[PDB]
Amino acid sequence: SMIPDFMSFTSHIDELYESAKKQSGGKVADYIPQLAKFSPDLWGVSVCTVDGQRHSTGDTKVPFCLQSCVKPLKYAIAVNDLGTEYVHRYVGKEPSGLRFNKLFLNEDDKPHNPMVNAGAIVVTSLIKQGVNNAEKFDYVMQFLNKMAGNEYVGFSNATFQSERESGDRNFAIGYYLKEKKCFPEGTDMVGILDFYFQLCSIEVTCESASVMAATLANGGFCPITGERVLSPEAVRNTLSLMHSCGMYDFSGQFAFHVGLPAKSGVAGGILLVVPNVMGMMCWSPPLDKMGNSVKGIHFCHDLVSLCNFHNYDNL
């Protein structure tokens, strides 16, 4: 363990939080009203060690949608229940060459990885096949509750309704994937898109999400309940992909300068994982040109520079 005195570490988090707060750049997403609503000044950071120790600063109890932050989570679910081999017969394992979410498959006609939209949609089509969307959703919700140690996990129907009503881009991807035979046989494509929009609309708080991150950072065991939620294989796979495909077009830079598994979302969230150390959720609505929370990105750089948490930092 690299945190001898938690109380002192906490004091540092507050300093970094305070410093990041001064970064007011960026634009709050506004393609749908449910996202445009948010104030650019909301800024929260919650920590949950593999130990179970907690600490929050800022707006850590204001609910917000996971959006893309849910991608690694549902992927982890798929691998947990189906295994690496099966899941990857449908999706790739690496960074798409060019632009993130450019819409095209790889050599084998599979979405490049679970973190791009086309890949997440395919992953969504693998979860609990056979049952209706109602049960599929309950199943995943239950799974997220376990990851969060039963802390806040809500749902935003307005985000859901708005996402579906204006999701022409996802429907295009939906039909494209169906024509390329990317879905398991007999898949109700439109039904999967519906399930996908719902998953993007699940709400969390920095506090509950930090626990989910902590579960990933703790070999798949929820730090505040001690129960096994995800298989070791699922966690390792998820972390590998968050390392290289979790920050959209900034993934390459992030891995190089921060070197930590992470996943951003258009709501301004950044699910951050420090292997065997802790889980975190940084949240601030204003996004940079690449879709990542401006304050969150600033905070992540500072965190690694201060505490030497970089994957390849020697210790």
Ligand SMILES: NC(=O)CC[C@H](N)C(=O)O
Contents of the next structure:
Number of protein chains: 4
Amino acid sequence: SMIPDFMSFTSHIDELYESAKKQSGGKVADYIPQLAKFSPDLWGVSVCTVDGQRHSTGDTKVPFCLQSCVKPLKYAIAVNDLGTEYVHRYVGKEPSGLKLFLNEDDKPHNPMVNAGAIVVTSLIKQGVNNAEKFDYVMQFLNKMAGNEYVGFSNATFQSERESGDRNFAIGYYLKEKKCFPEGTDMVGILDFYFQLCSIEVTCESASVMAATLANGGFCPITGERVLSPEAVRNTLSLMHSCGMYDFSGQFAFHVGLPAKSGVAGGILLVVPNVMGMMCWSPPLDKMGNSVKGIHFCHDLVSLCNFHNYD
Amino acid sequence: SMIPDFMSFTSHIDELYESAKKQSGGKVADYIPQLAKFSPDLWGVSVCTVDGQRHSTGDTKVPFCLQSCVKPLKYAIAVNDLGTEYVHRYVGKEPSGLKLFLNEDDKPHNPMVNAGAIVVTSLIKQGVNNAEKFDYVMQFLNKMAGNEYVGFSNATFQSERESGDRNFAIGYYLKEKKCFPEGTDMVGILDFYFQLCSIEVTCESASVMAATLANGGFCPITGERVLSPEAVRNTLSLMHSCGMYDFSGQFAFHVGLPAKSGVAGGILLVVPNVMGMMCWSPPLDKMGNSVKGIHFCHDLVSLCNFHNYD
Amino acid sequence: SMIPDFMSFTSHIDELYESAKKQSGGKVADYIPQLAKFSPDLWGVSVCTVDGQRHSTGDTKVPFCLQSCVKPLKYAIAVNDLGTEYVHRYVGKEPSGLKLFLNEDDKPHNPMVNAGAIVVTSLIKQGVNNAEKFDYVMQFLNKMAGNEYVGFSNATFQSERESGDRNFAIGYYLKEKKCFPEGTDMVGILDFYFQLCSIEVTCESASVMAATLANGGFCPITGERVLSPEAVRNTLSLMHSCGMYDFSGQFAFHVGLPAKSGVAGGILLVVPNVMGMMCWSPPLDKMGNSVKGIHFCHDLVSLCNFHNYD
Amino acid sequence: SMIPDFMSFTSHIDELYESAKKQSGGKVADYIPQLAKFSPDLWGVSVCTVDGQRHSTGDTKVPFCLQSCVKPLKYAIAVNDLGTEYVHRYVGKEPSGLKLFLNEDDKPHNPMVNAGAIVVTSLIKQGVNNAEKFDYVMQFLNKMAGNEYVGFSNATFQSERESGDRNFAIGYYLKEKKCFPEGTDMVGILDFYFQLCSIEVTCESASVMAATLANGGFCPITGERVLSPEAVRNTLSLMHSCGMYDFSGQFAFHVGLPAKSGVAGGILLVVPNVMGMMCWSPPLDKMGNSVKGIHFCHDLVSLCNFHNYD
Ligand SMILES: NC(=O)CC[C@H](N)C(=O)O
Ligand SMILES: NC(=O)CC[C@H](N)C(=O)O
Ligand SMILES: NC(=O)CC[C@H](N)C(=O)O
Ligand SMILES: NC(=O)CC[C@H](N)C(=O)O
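Return the structure block for the form solved in complex with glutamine; the form deposited without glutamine was the one displayed.
Below is the entire complex, every chain and molecule, led by the chain shown above.
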């Protein structure tokens, strides 16, 4: 709908891509070597419509870690297998202000912040071991990606775990406040958490995952039903209000599209009933969002009138 | 679009209306006599589609004060006459946490909280006197309402002003933090603010105002352009995230529609490109939102799949 | 006690005075002209022992406004005429963190912050008019000063009132939270508050007031009982923990003496059962405390072992 | 000084002891079995003057864990071996408001809160192993106690460590914020921390430790110099403002004596240049302070005029 000529739309994406390219500011994350390795010049943009029409430009086949971009995905999985009610007995449904803490009900504010993602992680495939849990999610991500590139970075995982003092603090804190389900191995969940953060994708395979969320839960390149409508709706609501760290407020105001950024430089973008996208460029701004990515998103909406309330 | 039979849709509204009616909980605001006067049993619901199709049920012709429901409206007017950039040099674009204060830039968090509404009020028709300012806005509201009922409550105004110690505190505070434009008569602005809060409407005339916002700024019963597209988009974004007091987060999550509640018991609802609505029922919940109104909104979305991300 | 030779003690004060003099940093308050007028070079130090032995050095006879230095004094008066229990039904007994707000009981944190001082001001000589109230306190201050210099600055008063937007905000806020006694004219109390802030003294007359607090409530140069033992004890406790704005914590730690600073550059110091002091020097530091004054206080304690726990 | 007849003073202590006894309210800590074991009726009070005069009443020989009562003690040790400047490059010097966090300089607010105690613990006898560290402190406590009862509770230690999720969260958090000295084994420090909390004493041996702090750092029953004057002064200042959890403000106001309470029900009290005391009674109030202990302290000051500013 509302394209209506993909061919010409593609020309405008390449133009926006070229415009963003000139934006060289930002700093590449360096709290671990696996992130510092990256070149500030890498810049890719992949699109995947609700039909299955594709289009890439730039470094769209270089693997990078999802990092926080995986948060909305595992949240979607949890809702899908447990439903809205159960999942939210453990995590909130809205944004907070700026810090490590819980809301008035002693629950993480939402699934998009670390504390929430950690709790969400303790809800998935409970009972089985980490290997089975990890495998189960990889299964899911493959279906969301229509079987395209979905790898894993052991180096990232090892570095994330060995330097995640803050996530461990959050871990013990949540355990103290009784935020996990009965009989949870907190340290085991953090391990699972670090692993999920280390899953690798490319702009191309990620854009398909986004397209699945944009297509009411159906993978546009296989037609298969991956996530329940409830799961997709919840995920998009939270991506709309809590997906860009502290820039979420302004992003929702000026762009108005469900999105989720990651420290690796990615930005999982969704245009409901239209397309899925993945912008990637290592240099991040003060807010922690890909500089070229944010610039691109602004241009995209101020060109194709995609804003939620346009 | 997506109705497609108004006749049958109307039958479902009356059913939802009847269901909400059974909800008798809540307390009628009583900080001033003009609000305490109201009967907890008053309950009206008016709809006005993007075409101009109407439908009411219940006490839809009993005048009541807009109160906070006027906030998105005057914000729309300001953006319309001054543009996004200017207006936001004075007020934020996002929700806050729970208190009287400003954000990191010493500006009210958004136009939907008192401090913000007060600042927005100081931007409209600057220079002229209060009588001209008030008249100017009444002009605007008449156009938004397609000339339907738009009155004024002097009793409310007098009570609001004589008992608004908190708004006066906010007033002096904003003056101290230099939040108003050069040469602003703060006390005069609060007066204007109290007056705007006292403007009266009925569910029927209000639903038309909502319909105008739902119709990209065009009044659906006169076809006239009232607000600029920019103004409408900004207003809806802020209504989506900051329109239900502290219930905004959950409302956005479970209902996902731009809305604004008032202490008088009203709820200005908007379904983009579809219809405008006004629910009214004096009994409010702990959050300050009309009990019958909130119940109705939940049912409406969980029936007609109107949620922003359905 | 523990002097034991005033003559030699005096020599060390002059030496400390000379050392502080070299400290030229700081900025003179300038939010109103009456404060900006002052020369950064003014520097006086007056002592008044528990006996009545005096000693001055520097600009000890130039009148300056008490400003916040009057807070502990009016608090003392209130306790004296109403007792600990009554006064504290309206104001707290301890320091807070960094902002305009009340504690868990909706009361100002303590008498040393503006909100608290304003509430304390509404408790004194209730019923009578401002002229009688003002006169009553002047009476008290004369007795505390042993009839030495106690004037008034109308220019300061007029400027304080015409530019005190923040105090007015606090005023309306306290009125809203019902922090004043039944039937209080809030605006009248702020007026009284501004007047009290405008009372003038000299280092010499102020040091006698301090000496009275140091002498269990007896003016050391007239022997008269001015304040009740209860009043003096409460005042000193609060001066020890809340008398130096945000520097109170560190002052209590490194100096350990009851004290109260003012924006005029004064520092009302008290050495229990030994002496009273008044340091004055317009240039203030980031914390709002007289630079030469703070330097002097540190030296005084690190020389005569006057620290509360030495 | 100011007794002047110990014999008669003792009679008044026994009377205060008897009065407190009637206070049966409170709840015995039960987060671990070692604390829940205790009888709510246990109640002892031991005094040890600056001379060496002793006096006990009640259950003064039943061993109990210092718990937080050890905080001022290890702080004293650190200052003693490292001096004020070094120790405070890691921890603050003042009270905070109500939560897990650091001050504007990313340091624990003070040595009396957990985060601070943990950091202080990482400063003592750096380099050596835990066994040597633990032994070193036991040495110190023996000297402070004049060789009286100083034991250890392995059961408490084991329970403290196996259930201290919050302290572990604080641990990882401090490590993340770089609050420990270079090359610190955080987990090893928490272990040391739990051990220190498990050291046992009796009211009698503890009162001697308090007496040492009251005697400028000299153990009143051996005459030996245990702590440096600097160490003692710093410790008392912090005990005066941060020793009673959230009741510190009011304690400082109404009692005005350096003190430190513990979850075991103890209250290490100090009357500078007069005596040391240890009150013990398992039942704690909402604030976490021994009910009989707080009652006793109030009576003691309102009888013997011991308040800092009496
Ligand atoms: N994308 C992110 O911000 C995640 C960063 C890091 N892996 C964490 O979990 O804290
Ligand atoms: N609807 C509202 O909550 C407004 C209440 C009141 N008139 C105010 O401005 O504070
Ligand atoms: N000494 C002071 O800080 C007082 C300043 C000013 N008169 C006020 O009351 O706010
Ligand atoms: N006395 C106390 O409050 C200490 C309790 C516990 N051992 C802790 O360190 O948290």
